[PDB]
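Using the sequences and the accompanying hints, generate a full structural model.
Listed below are the residues making up each chain.
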Amino acid sequence: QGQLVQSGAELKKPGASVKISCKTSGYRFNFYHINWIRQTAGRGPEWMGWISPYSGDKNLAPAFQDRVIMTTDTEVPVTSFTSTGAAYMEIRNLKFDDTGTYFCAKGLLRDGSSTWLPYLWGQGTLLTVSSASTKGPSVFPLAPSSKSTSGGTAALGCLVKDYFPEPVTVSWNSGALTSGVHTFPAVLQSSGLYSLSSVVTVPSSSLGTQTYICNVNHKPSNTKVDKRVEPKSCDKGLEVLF
Amino acid sequence: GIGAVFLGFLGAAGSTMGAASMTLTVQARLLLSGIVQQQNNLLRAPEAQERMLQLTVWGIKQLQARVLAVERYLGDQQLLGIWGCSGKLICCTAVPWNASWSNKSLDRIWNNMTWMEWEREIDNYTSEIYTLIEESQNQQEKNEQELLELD
Amino acid sequence: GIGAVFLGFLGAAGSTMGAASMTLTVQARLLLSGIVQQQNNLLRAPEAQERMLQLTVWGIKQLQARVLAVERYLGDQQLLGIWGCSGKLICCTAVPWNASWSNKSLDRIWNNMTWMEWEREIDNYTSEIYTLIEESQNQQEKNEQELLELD
Amino acid sequence: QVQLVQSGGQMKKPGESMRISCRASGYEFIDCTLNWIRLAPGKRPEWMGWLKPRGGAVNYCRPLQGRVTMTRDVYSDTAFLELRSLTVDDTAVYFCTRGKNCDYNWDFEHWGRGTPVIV
Amino acid sequence: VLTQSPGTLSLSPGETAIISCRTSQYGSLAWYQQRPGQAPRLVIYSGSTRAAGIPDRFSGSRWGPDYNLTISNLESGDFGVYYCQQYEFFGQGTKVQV
Amino acid sequence: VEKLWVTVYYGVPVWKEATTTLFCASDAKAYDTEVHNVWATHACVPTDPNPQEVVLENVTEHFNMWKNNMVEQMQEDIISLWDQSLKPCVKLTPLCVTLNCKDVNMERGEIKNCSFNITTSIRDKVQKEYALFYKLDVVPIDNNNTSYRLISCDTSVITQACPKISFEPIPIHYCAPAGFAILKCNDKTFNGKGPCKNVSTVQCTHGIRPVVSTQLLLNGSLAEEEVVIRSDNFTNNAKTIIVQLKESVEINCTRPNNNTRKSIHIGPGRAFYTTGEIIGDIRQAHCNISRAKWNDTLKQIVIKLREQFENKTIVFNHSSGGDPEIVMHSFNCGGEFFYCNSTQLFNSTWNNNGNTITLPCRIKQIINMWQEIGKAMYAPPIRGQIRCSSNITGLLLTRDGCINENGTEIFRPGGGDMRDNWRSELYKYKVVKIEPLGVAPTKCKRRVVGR
Ligand SMILES: *[C@@H]1O[C@H](CO)[C@@H](O[C@@H]2O[C@H](CO)[C@@H](O[C@@H]3O[C@H](CO[C@H]4O[C@H](CO[C@H]5O[C@H](CO)[C@@H](O)[C@H](O)[C@@H]5O)[C@@H](O)[C@H](O[C@H]5O[C@H](CO)[C@@H](O)[C@H](O)[C@@H]5O)[C@@H]4O)[C@@H](O)[C@H](O[C@H]4O[C@H](CO)[C@@H](O)[C@H](O)[C@@H]4O[C@H]4O[C@H](CO)[C@@H](O)[C@H](O)[C@@H]4O[C@H]4O[C@H](CO)[C@@H](O)[C@H](O)[C@@H]4O)[C@@H]3O)[C@H](O)[C@H]2NC(C)=O)[C@H](O)[C@H]1NC(C)=O
Ligand SMILES: *[C@@H]1O[C@H](CO)[C@@H](O[C@@H]2O[C@H](CO)[C@@H](O[C@@H]3O[C@H](CO[C@H]4O[C@H](CO)[C@@H](O)[C@H](O[C@H]5O[C@H](CO)[C@@H](O)[C@H](O)[C@@H]5O[C@H]5O[C@H](CO)[C@@H](O)[C@H](O)[C@@H]5O)[C@@H]4O)[C@@H](O)[C@H](O[C@H]4O[C@H](CO)[C@@H](O)[C@H](O)[C@@H]4O[C@H]4O[C@H](CO)[C@@H](O)[C@H](O)[C@@H]4O)[C@@H]3O)[C@H](O)[C@H]2NC(C)=O)[C@H](O)[C@H]1NC(C)=O
Ligand SMILES: *[C@@H]1O[C@H](CO)[C@@H](O[C@@H]2O[C@H](CO)[C@@H](O[C@@H]3O[C@H](CO[C@H]4O[C@H](CO[C@H]5O[C@H](CO)[C@@H](O)[C@H](O)[C@@H]5O)[C@@H](O)[C@H](O[C@H]5O[C@H](CO)[C@@H](O)[C@H](O)[C@@H]5O)[C@@H]4O)[C@@H](O)[C@H](O[C@H]4O[C@H](CO)[C@@H](O)[C@H](O)[C@@H]4O)[C@@H]3O)[C@H](O)[C@H]2NC(C)=O)[C@H](O)[C@H]1NC(C)=O
Ligand SMILES: *[C@@H]1O[C@H](CO)[C@@H](O[C@@H]2O[C@H](CO)[C@@H](O[C@@H]3O[C@H](CO[C@H]4O[C@H](CO[C@H]5O[C@H](CO)[C@@H](O)[C@H](O)[C@@H]5O[C@H]5O[C@H](CO)[C@@H](O)[C@H](O)[C@@H]5O)[C@@H](O)[C@H](O[C@H]5O[C@H](CO)[C@@H](O)[C@H](O)[C@@H]5O)[C@@H]4O)[C@@H](O)[C@H](O)[C@@H]3O)[C@H](O)[C@H]2NC(C)=O)[C@H](O)[C@H]1NC(C)=O
Ligand SMILES: *[C@@H]1O[C@H](CO)[C@@H](O[C@@H]2O[C@H](CO)[C@@H](O[C@@H]3O[C@H](CO)[C@@H](O)[C@H](O[C@H]4O[C@H](CO)[C@@H](O)[C@H](O)[C@@H]4O)[C@@H]3O)[C@H](O)[C@H]2NC(C)=O)[C@H](O)[C@H]1NC(C)=O
Ligand SMILES: *[C@@H]1O[C@H](CO)[C@@H](O[C@@H]2O[C@H](CO)[C@@H](O[C@@H]3O[C@H](CO)[C@@H](O)[C@H](O)[C@@H]3O)[C@H](O)[C@H]2NC(C)=O)[C@H](O)[C@H]1NC(C)=O
Ligand SMILES: *[C@@H]1O[C@H](CO)[C@@H](O[C@@H]2O[C@H](CO)[C@@H](O[C@@H]3O[C@H](CO)[C@@H](O)[C@H](O)[C@@H]3O)[C@H](O)[C@H]2NC(C)=O)[C@H](O)[C@H]1NC(C)=O
Ligand SMILES: *[C@@H]1O[C@H](CO)[C@@H](O[C@@H]2O[C@H](CO)[C@@H](O)[C@H](O)[C@H]2NC(C)=O)[C@H](O)[C@H]1NC(C)=O
Ligand SMILES: *[C@@H]1O[C@H](CO)[C@@H](O[C@@H]2O[C@H](CO)[C@@H](O)[C@H](O)[C@H]2NC(C)=O)[C@H](O)[C@H]1NC(C)=O
Ligand SMILES: *[C@@H]1O[C@H](CO)[C@@H](O)[C@H](O)[C@H]1NC(C)=O
Ligand SMILES: *[C@@H]1O[C@H](CO)[C@@H](O)[C@H](O)[C@H]1NC(C)=O
Ligand SMILES: *[C@@H]1O[C@H](CO)[C@@H](O)[C@H](O)[C@H]1NC(C)=O
Ligand SMILES: *[C@@H]1O[C@H](CO)[C@@H](O)[C@H](O)[C@H]1NC(C)=O
Ligand SMILES: *[C@@H]1O[C@H](CO)[C@@H](O)[C@H](O)[C@H]1NC(C)=O
Ligand SMILES: *[C@@H]1O[C@H](CO)[C@@H](O)[C@H](O)[C@H]1NC(C)=O
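Protein chains in written order, with the deposited numbering: chain D, 1 to 52, 52A, 53 to 72, 72A to 72H, 73 to 82, 82A to 82C, 83 to 100, 100A to 100F, 101 to 224; chain B, 514 to 664; chain B', 514 to 664; chain U, 1 to 52, 52A, 53 to 82, 82A to 82C, 83 to 100, 100A to 100D, 101 to 111; chain V, 3 to 30, 33 to 91, 96 to 106; chain G, 31 to 135, 149 to 309, 312 to 321, 321A, 322 to 355, 357 to 398, 411 to 508. A prime marks a further copy of an entry chain.
I should point out that these hints are in silico values taken from the structure, not numbers from a laboratory.
From the three backbone atoms N, C-alpha and C, an ideal C-beta is built for every residue, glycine too.
Just to be clear, a hint being listed does not mean it is correct.
Stated by the list, open to error - Below, a list of computed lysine to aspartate or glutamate pairs in the EDC-like style, where the Cα atoms sit at most 16 Å apart:
#	chain 1	residue 1	chain 2	residue 2
1	B'	617	B	634
2	G	240	D	65
3	G	337	G	368
What the hints assert, rightly or not - Incomplete in silico selection of chain G near chain U, CB under 10 Å:
#	residue
4	231
5	281
6	361
7	364
8	365
9	372
10	455
11	458
12	461
13	471
14	473
15	474
16	505
17	506
Here you go:
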């Protein structure tokens, strides 16, 4: 009946600090535990620890018992039955393998066997740890190319190249376009950079009626560059439709 | 420990339904006599003007509310009677749990919801529920009778 | 069917003693709380002048009758207590049936007479009957005591 | 049912003082709050101020402050409105109203009656 | 502070009209209507809610800075001038005629 | 699960928002010493020595001071006591005689020396008697001859409150009945309306001194952390803004005149008391307060006023209008009712970029609290001089709802209605009805697999 949100991708370097908080909604923050689980590709989704926002009792993993320390803020009630609150987990003396998609997770019950075990899950904000610099996603368009000449479509999308670090997100017409959404993730070259793209589905008959633009952005670089696909082109499957 | 120590009136207001299930006596007491103990005791202070100048403005405020407290209390004791269980606190019935009232399961009912919270989610059906227990008694009351005749 | 469906207050007034033996809850309820449910519910209408100008002419008519209803009710609950059976509705005793009260047989008592009719034919002896049950308890109350001493 | 009525035609020269009536019935006069409006022809309906009839507590708008004088008399259930230093600006007809309930005054459900004024 | 748009407001009995009103801060909305001889008549007391003697035609409808009052199926009693009120403030208002 | 069954529970921790006739608790040192008559205090029960309260864990109740019936109950009570206590007291109805008033020697004739003929305990003596009156307490007739009449004699029923009684504000607790409960907001800074966090159950409230003032809040409770401001809606310019001080500012006041009691017996077994004379100098009543304390207090207010409003600069002003009750700081001091002219305390503009205050006061004797139906009360004069000291604990403001360019936002002393006096203290609390019966499923049948 509620939902949880977290701290965005905070790029840091090996041998540093990184803080990751979690804020609640639609439920009594004090009534439930707050767990912490990452997604280390080499080890697996390792559980870090939970803490009671009411009793202040903890149970950290002996792996990071000395390393990490947890803490919570006060609860801010919305109604007589719901509230909002904050919780934390900072880790120092970092290494390389302290990485992955990081989840906060509210408990299941207020009492019982499976008290602390998580039911509701957070966003999952990815975290990388390296000493290298950071590069911005230079956005550019692509020369249109149809998917099917039988049906009659005019596919078009924007291209991102040489960015670091993940994640990057795309929304069309500033959240004013619903159907026909298609995206995909990136991969690391021999050099050491991630790169992705996007794509949409519209007909080739009505071209200059509706207008679409990709609102691309990136949290660590702090930019929101936008682009538009140039329709003037010559391919193999799109010239048959014109 | 926890169930054999002190708690206080209405203490488990925000405690699970299971938790509250120990601290009934706390809120099962003082429904009446919470005030008649205190009133009789505190009112026999050396005043000697209890009800002087006959009855006054506080005269009715109390009696209009004194006479309420008991019938209000005797209303819940009349339900215990008419449901055949004035053992109070806890009592089982033949009336089964219509999941139409709450599809939810046992585990979470007693260990996550609280009674304030629960009685709300079930408020609308209570009327129909309560009437089922009365018709559960009378089936039993006739079945008792039938056997009183032949033995 | 008939015992598991609706009937209504005082419905079995002219029904046999056996018939009425199912519809007790109907007239065992509302002895009290028949009015305290309705009063509290209907009186919280948006008036905001409950007991305005202190108490009035309807002021005492109710309270003189409110305070009656409960002691009148608590009188019958005091009998259930003093006869050792507040299970209500139906309860057996060791007091046997003195045929001097009614020589008649079982068959016709439950299937031809009605309670209004019956309690009349037995009205005069009820005083002596009721006093027999009280002395039936106290024999049992001493017999209980005697055994509390030695074990 | 809560009736309302005022005075009528009263002509005056600029730079003078005036006074009008506003009788009312149907409620505990002192419990519910009242107010006035300087509804101008063509212009926006200008609010003048409100009055609590129990104690006589009032509140006035700046353009009318000093000039306006809201009064009452529970012995007659009649709210008065005095206005000195007259101009062409304030020549329009006035109207005394009360809210739908005492709980909220600004929901004017009950209004006054025509009161011609000439300058 | 209230911006009651728009101003012209002349149509036939067989039509529909919608009057808008804008504000900076929040508040309790209301609406009125003047007549020949008569004074302003209340028609809305919360926004969604209607006053006494008001059919389903009077549709109040928008949770946002723009609030509007619609009175479809026009008639001859509808002629006059309307205003939007929020607390002590009033709207510019608008006159509809024959 | 299993074959689950309804099972019923008596004694569950459940309540609902409710209203019901409360009852009052007295104080031990209050009842014991006689103090003769005092309100209806004697008819209450005594408060429990043990101030018992239980804190409720894991609850966050909703409180809204504005819709709280304890104050619709409080004033209901407060009026009822007065009427009934003055029920037996002496009626001044025949004193409506033409008062031939000469004045005595703020010099317009505030104290006036008047004569009149009355019939005594007995109908065989029209005794021409002379007595003193206040300029407010009296009103002239036709041309200003030497003739006056009592302020509301023709239109009301004036009743001389017996001197045996006292108006001393004894604190009071509202003890709740059985099957009910009164909750508290145990927070420091509570808005007034909205959800609570630190909540608890009490049997009775804290001691509510039923003082009745008209502009400033006296002898009440102070704020806990920092001063707070409370209103239903601030845009609702027709809504009283209640302020609660953190530091109470002591205000000393006095009627400097040493008066002499004079019993004129209208009879048969009753007399009308008045000031026979004035032993010494003739002086003016007033109230002293440190202007440093007061305006440094006004600093507390503005910063928390700027929180509800924009950082726009603020201005204070004298009351726009109303009865002397509202337009002036009115209160009782030693048995006599004051009306201090509060222009001084409310005339200031607080922006961003020594001595003391002496407020003049008038004494009225014929008064009408709660503005009743042709029902007035004559407080007899108190012997000698009187000097009392109140703590300003807060006050009431009223905004001018016509925002201006210069402006900027004006706040004058409110105090038309009396229901806020009680809200100012009873905000902390709320009443609920306990409902101990509750049904819940647990796998258990009613043991009738055999009979
Ligand atoms: C906010 O809170 C503050 C703080 O509470 C409020 O301020 C308080 O206000 C109340 C009342 O408004 C005041 O209480 C009254 O005080 C007066 C005067 O005080 C007397 O006592 C002083 C010393 O205290 C002694 O007595 C107390 C008990 O009273 C005792 O506990 C203590 O140990 C000590 O023994 C004296 O200093 C004082 O002045 C004397 O000395 C002066 C020179 O130093 C001189 O100039 C004076 O003239 C005087 O000689 C004075 O003696 C009390 O009079 C009053 O008590 C009256 O009322 C009760 C109840 O009815 C009654 O039992 C008393 O006997 C008395 O009533 C009779 O006596 C009066 C004269 O004493 C007389 O004027 C009355 O008319 C009345 O007369 C009737 O009875 C007599 C027989 O007794 C009979 O012969 C007559 O015919 C007639 O029938 C109260 O105690 C607080 O003092 C005051 N506190 C402070 C700090 O200021 C403030 O008001 C609150 N704000 C609001 C808005 O409410
Ligand atoms: C049983 O017996 C009872 C007896 O009590 C009967 O009932 C009573 O009858 C009384 C008379 O029959 C009645 O008392 C009077 O009512 C007057 C009604 O007001 C009309 O007239 C005024 C002018 O006097 C006028 O202003 C009013 O309205 C005008 O303005 C409105 C504004 O919206 C217009 O809508 C309206 O059309 C009208 O004219 C305007 O518009 C037209 C166009 O339509 C223009 O052409 C005009 O130029 C104008 O602009 C009403 O029309 C009431 O006014 C009387 O009170 C005034 O007069 C007395 C003295 O006569 C005075 O003391 C008052 O203070 C008040 O004076 C004010 O007006 C004066 C001008 O006359 C002015 O000089 C003053 O300065 C003041 O401003 C008077 O009260 C009484 O109400 C009823 N009682 C009840 C309960 O109904 C009953 O009928 C009998 N029953 C039977 C069965 O027999
Ligand atoms: C208000 O609401 C809140 C939130 O809804 C509510 O808090 C819940 O309360 C319930 C009931 O008390 C809790 O449910 C229990 O949880 C127990 C889990 O905590 C145990 O384990 C902790 C870890 O200790 C290990 O690790 C440390 C180092 O990490 C090591 O030193 C230890 O040796 C151990 O290895 C431990 O710290 C904790 O300690 C409790 O007790 C000590 C005293 O012994 C006390 O000082 C602490 O403050 C703390 O309370 C505890 O031992 C769990 O064990 C327990 O399970 C029992 O009961 C269930 C069913 O009841 C059975 O299934 C099970 O077999 C056991 O019998 C039970 O599940 C729940 O965790 C709370 N949740 C939160 C978020 O706080 C409040 O009670 C509410 N308050 C009111 C008044 O209503
Ligand atoms: C019993 O006592 C009552 C109350 O005391 C008397 O009630 C009055 O009854 C009469 C009945 O006729 C009413 O008289 C009306 O007066 C109208 C004209 O009044 C105008 O002039 C007044 C003159 O007063 C000035 O002079 C005196 C000293 O001579 C000063 O004290 C006073 O302050 C005034 O000084 C200013 O003005 C002069 C010029 O006159 C300057 O030179 C000075 O420098 C000062 O600037 C004046 O007082 C009036 O003020 C009133 O009106 C203005 C608005 O214009 C308002 O703002 C004021 O606050 C004030 O209300 C006014 O200017 C006359 O036209 C009319 O026909 C009528 O005769 C009078 O209104 C009643 N007063 C009240 C308060 O109700 C009663 O007379 C008395 N009876 C007996 C028998 O003794
Ligand atoms: C508090 O609020 C008040 C009311 O809104 C606000 O009012 C203004 O006060 C000034 C005073 O600085 C007024 O100016 C004059 O004040 C003197 C007293 O100082 C009066 O005697 C004047 O009235 C007489 O004289 C006028 C001609 O000079 C006549 O026209 C008049 O009829 C009188 O005979 C005069 O009022 C000013 O008029 C008012 N403004 C209004 C609209 O009333 C004051 O500024 C506020 N102050 C603070 C600190 O908040
Ligand atoms: C409340 O609970 C009672 C039982 O305690 C319900 O009565 C029973 O309801 C079922 C329908 O759910 C009836 O029909 C049977 O259903 C199953 C599948 O659901 C099917 O296999 C059977 O062949 C048959 O269809 C069942 O006859 C009925 N029992 C009686 C004695 O009538 C009742 O419906 C519940 N009511 C509510 C409002 O929840
Ligand atoms: C009420 O019932 C009791 C029994 O429950 C009656 O007591 C018993 O009454 C009989 C007389 O009817 C006593 O005597 C015996 O009678 C039979 C024949 O009737 C005879 O065979 C025996 O030899 C003997 O005569 C019997 O002793 C007596 N029991 C006791 C314990 O005293 C009682 O009389 C009834 N009273 C009324 C008013 O009906
Ligand atoms: C200093 O005070 C001035 C007022 O004298 C403040 O100006 C106000 O600023 C708010 C926004 O913060 C506006 O909404 C008001 O309209 C402004 N009023 C005026 C009269 O200018 C100013 O913000 C204050 N500055 C600080 C830093 O407190
Ligand atoms: C605030 O400043 C304004 C001017 O900016 C002053 O406004 C004048 O107010 C008087 C009424 O007292 C009007 O007659 C004038 O027409 C106004 N002039 C202007 C230019 O608006 C106002 O007096 C100032 N307020 C204070 C308290 O000084
Ligand atoms: C009960 O049914 C509702 C849908 O009506 C569902 O959302 C809810 O999860 C169900 N609860 C359980 C415990 O299955
Ligand atoms: C108990 O769990 C249900 C869903 O399993 C949830 O809707 C409800 O809010 C929970 N109760 C509390 C107090 O969180
Ligand atoms: C319970 O009944 C009330 C009417 O008293 C209704 O408003 C409410 O929606 C009902 N509950 C649910 C969950 O629909
Ligand atoms: C009971 O006794 C009476 C005579 O006293 C007799 O008429 C009646 O028939 C008897 N009843 C039965 C059932 O034997
Ligand atoms: C029951 O039968 C008896 C005789 O057997 C008779 O006296 C009595 O009147 C009958 N009851 C009714 C209701 O007819
Ligand atoms: C003041 O009035 C009184 C009234 O009796 C008079 O005796 C006295 O002389 C007056 N004072 C002066 C200074 O005239």
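Structure-based check of each hint:
Annotation: proposed proximity of residue 617(B') to residue 634(B) is violated, straight-line Cα distance about 55 Å (limit 16 Å). For a cut-off of 16 Å, the pair hint linking residue 240(G) to residue 65(D) is broken: about 34 Å separates their Cα positions. Between the alpha carbons of residue 337(G) and residue 368(G) the distance comes to roughly 29 Å, so the proposed pair goes past 16 Å and is violated. Hint status for residue 231(G) relative to chain U: violated, with the closest Cβ pair at about 30 Å, above 10 Å.
Below 10 Å, beta-carbon pairs count as interface contacts, and residue 281(G) has one with chain U at about 5 Å; its hint therefore holds. Interface restraint check: residue 361(G) against chain U, minimum CB-CB distance 15 Å, threshold 10 Å, status violated. Look at residue 364(G): its Cβ gets to within about 8 Å of chain U, closer than 10 Å, so that hint holds up. Of the supplied interface hints, the one on residue 365(G) holds, with its beta-carbon coming within about 5 Å of a beta-carbon of chain U, less than 10 Å.
Below 10 Å, beta-carbon pairs count as interface contacts, and residue 372(G) has one with chain U at about 8 Å; its hint therefore holds. For the restraint placing residue 455(G) at the interface with chain U, the shortest Cβ-Cβ distance is roughly 6 Å, inside the 10 Å limit, so the hint holds. A cut of 10 Å between beta carbons decides the hint on residue 458(G): the least distance to chain U is about 6 Å, and the hint holds. Taking 10 Å as the C-beta cut-off, the interface hint given for residue 461(G) holds, the closest approach to chain U being about 5 Å.
Look at residue 471(G): its Cβ gets to within about 7 Å of chain U, closer than 10 Å, so that hint holds up. Hint on residue 473(G) holds. Least Cβ distance to chain U is approximately 3 Å, under the 10 Å limit. The interface hint given for residue 474(G) is met, as the beta carbon of that residue sits about 6 Å from the closest beta carbon of chain U, less than 10 Å. The criterion of a C-beta within 10 Å of any C-beta in chain U is not met by residue 505(G), whose closest approach is roughly 55 Å, and the hint is violated.
Checking residue 506(G) against chain U: minimum C-beta separation of about 59 Å lies over 10 Å; hint violated.
In summary, the structure is inconsistent with hints 1, 2, 3, 4, 6, 16, 17 from the numbered list given earlier, while agreeing with the others.
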